[PDB]
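Yeah, one chain of the complex is gone here, protein chain that is, but the others are all in their spots.
Every chain is named by a letter (A, B and C) in the order it is written, and numbering of its residues begins at 1.
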Amino acid sequence: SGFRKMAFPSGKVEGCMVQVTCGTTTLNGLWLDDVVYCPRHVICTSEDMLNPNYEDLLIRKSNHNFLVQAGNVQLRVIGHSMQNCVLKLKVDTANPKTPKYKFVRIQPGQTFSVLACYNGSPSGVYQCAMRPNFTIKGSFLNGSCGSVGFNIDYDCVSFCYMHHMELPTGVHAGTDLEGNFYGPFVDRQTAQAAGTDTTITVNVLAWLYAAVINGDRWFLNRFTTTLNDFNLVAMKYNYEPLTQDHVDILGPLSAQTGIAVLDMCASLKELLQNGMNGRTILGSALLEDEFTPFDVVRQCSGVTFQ
Amino acid sequence: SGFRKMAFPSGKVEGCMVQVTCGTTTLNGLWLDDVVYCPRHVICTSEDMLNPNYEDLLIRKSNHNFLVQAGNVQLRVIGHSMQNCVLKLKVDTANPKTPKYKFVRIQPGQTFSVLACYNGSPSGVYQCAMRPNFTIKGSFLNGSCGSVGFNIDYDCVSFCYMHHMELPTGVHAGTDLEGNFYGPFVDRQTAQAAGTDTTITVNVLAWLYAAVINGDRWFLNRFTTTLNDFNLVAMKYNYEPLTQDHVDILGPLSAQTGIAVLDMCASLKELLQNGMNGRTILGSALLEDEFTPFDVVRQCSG
Amino acid sequence: XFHXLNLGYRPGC
Partner (left out) sequence: XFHXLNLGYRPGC
């Protein structure tokens, strides 16, 4: 029992973290096989960031302008190319600790672990979600660029996020591992802001199932709402619409607890309208939306990794 | 910016996790150099747990009664001893992934990372605190015994917890890496319960400093308090006494924010008396007490 | 009770 915000074990990723320096700019890189991945703004000065032509700026760099450090070893850069907003540095040595991996672009509402790094050295691990507005509520200081987000299935690391920037509200924006930003953000020094966000309804429902699984049932009510009636109330509280696809996804948790998805919707509706009334759910005084249905099942069933 | 419940990177610990089996009982072990550490109840059947004499039970075992598996490789047990509530199995192979490590017994209020494991395989990592009642609010299913708690400083792993058991309220109890339980708990099947818990005052103050560092001041006020007056109010809300040592420990955060410790105490006092009134602090509607002053400095600075 | 599958752990005690 117990239910905690839980990250994937970070070991497989720790073995891939390096430091990348170009001129006066230093940040983190990800070393997989004979390639090191990092934010392309590593090649920029402050002047350049106002209106960078990255093609032009990169052409002005040689292999020897990049200093890549793994632990206490300098890796020899033998090639460089840009892919969208990430730089790829080909090195003469394949990382012997390379895990089985893939790169995946995730959807909003999906969660992942972040390994926060500074100077190529792992500092900490925490769990986050891609918000509906394509930011993440991370914890990152200057120097954290190139830290990555990931999931693990059995022995395979799916990298989904590379950190690039912070927005005025203190939330974070970045790319997939192929350098495409999540959301409309750009790697140029120009005014940028997070859009209005919404609550990830399917995840709140998942967390309510987690609560039931852990013996926390005070909020249950069996006045089964309809999807339409529910979404009317959701709209009002700035919750994402719940689709039939979300209902299907909640199937296993519904079956495990014997509580119909639309009954849990009825409970959530009541929670939104009346609040928690001084009570907590899984130790929280607010409705939590950064556990997916998958996360709940994994944590409640004891799934492990190789 | 941002503030998250944050764990240490778990790689150094992952490389130490093994599966230990005796008879019908399987749990996790920690493999450091040529020794594997695990809960001594690995040697028990359910009958034995009612009133175990572990000295008597262990003397009935041989080295070959213990099956240790690292990955898909069987380690040969060549010795065994009991130390308090942990079993130590000497194996013929030193773990090549052994990090620099020490064993430390922590105080209530201190935080650590937990690497939850099943069948010697890592499942997840999370951060928790040793509660004043010497339990932890973890997430553990049957099979998680032998999972460990730890801190990391530069390259050195300080192991502070091995998991043994769950209490009726769903909280968790265990030992240090030398097998001494935190709290009054015993590794016998008999009625046990968590005592009434208290809030870790020094940590709440630390987290309020975290909030200020990240740009939130709404809960501050113009008042100060004395340590004595503050503790009078704390007592009433089931908060731990704040000592001068705690005040000294909060020094760096005080200096960084320019808010005197006793001024933040005045803010906390007001928060306890009036509540938050539907406002949040760092995304929380409750006062959070599982970040130490060191955790705040580590995460907010560097 | 104990988080080791034959040793009689029961959620809630």
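Rule of thumb we're sticking to: a residue touches a chain if its C-beta (ideal position, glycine included) is under 8 Å from a C-beta of that chain, and two chains touch if they have at least 3 such contacts.
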**Prompt:** Pick from A:27, A:68 or A:262: which residue touches the chain that isn't shown?
**Reply:** A:27
**Request:** Have a look at A:18, A:145 or A:157 and name the one touching the chain we're not showing.
**Result:** A:145
**Prompt:** Where the complex has a chain not shown, which of A:42, A:68, A:129 or A:205 is the residue touching it?
**Reply:** A:42
**Selected from B:1, B:147, B:158 or B:257 as touching the chain missing from the view** = B:1
**Fill in**
Touching the hidden chain, out of A:131, A:163, A:269 or A:298, is A:163
**Message:** Need a quick check: the contact residues on subunit A for the chain that isn't drawn.
**Reply:** 24-27, 39, 41-42, 44-46, 49, 140-146, 163-168, 170, 187, 189, 191, 193
**Item:** Interface residues of subunit B (partner: the chain not displayed)
**Value:** 1, 215
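By our rule, only the chains that are shown with their structure count from here on.
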**Request:** Could you put a whole-Å number on the gap between the CA centroids of subunit B and subunit C?
**Result:** 20
**Fill in**
Expressed in whole Å, how far the mean CA point of subunit A lies from that of subunit C is 35
**Asked** So which stretches of subunit C touch two or more other chains?
**Response** 11-12
**subunit B, residues touching no fewer than two other chains** = 140-141, 143-144, 166, 170
